[PDB]
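Peer 1: Read off the chains here:
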Amino acid sequence: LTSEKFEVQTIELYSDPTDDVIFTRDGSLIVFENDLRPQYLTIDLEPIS
Amino acid sequence: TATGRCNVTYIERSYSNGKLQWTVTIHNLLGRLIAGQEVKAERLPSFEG
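Protein chains in written order, with UniProt numbering: chain A, 611 to 659; chain B, 788 to 836.
Among chain A residues calculated to face chain B with C-beta under 8 Å, some are:
1) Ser-613
2) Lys-615
3) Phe-616
4) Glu-617
5) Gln-619
Taking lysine-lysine and the DSS-like style, the derived pairs with C-alpha atoms no more than 27 Å apart in a straight line are:
6) A:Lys-615 - B:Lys-806
7) A:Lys-615 - B:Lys-827
8) B:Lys-827 - B:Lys-806
Since the hints were derived computationally from the structure, they do not count as laboratory data. A virtual CB, placed ideally from N, CA and C, is assigned to each residue, including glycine.
The shape of chain A in the complex, shown without the other chains:
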C-alpha cells in the first residue's frame, strides 16, 4: 500500500534510549527550543510544605 491514504509528512519518532546521555555524531545534532515545538519538554512540580 502507498501514501495517498496517509496524511502527515513529518512524524516525530519516539524512542527510549538505554542511555541517560545522548550522543551527537554526524549531522546528528541535538537541539532544544520550545516556542516553536513545545510538545517535547514538559516541566511539572509538587510544592512542598
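Fit chain B to the supplied structure of chain A, relying on the hints for placement.
Peer 2: Frame of chain A; chain B shown alone:
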C-alpha cells in the same frame, strides 16, 4: 528524463489527494521538460519519480 539531468537543492512536499506532492528545487535544466517524462535519479538507481 530523456531531455536531461539537473540537481535539486532541496524538495518540499505538500498534499494533494493524500499522496504527498514533492516540489523540488533545481539549479537548471538540460532539455525541454515534459509532463510525462521517463524519470530516474542520476545519483541513485533505486528511486523512481
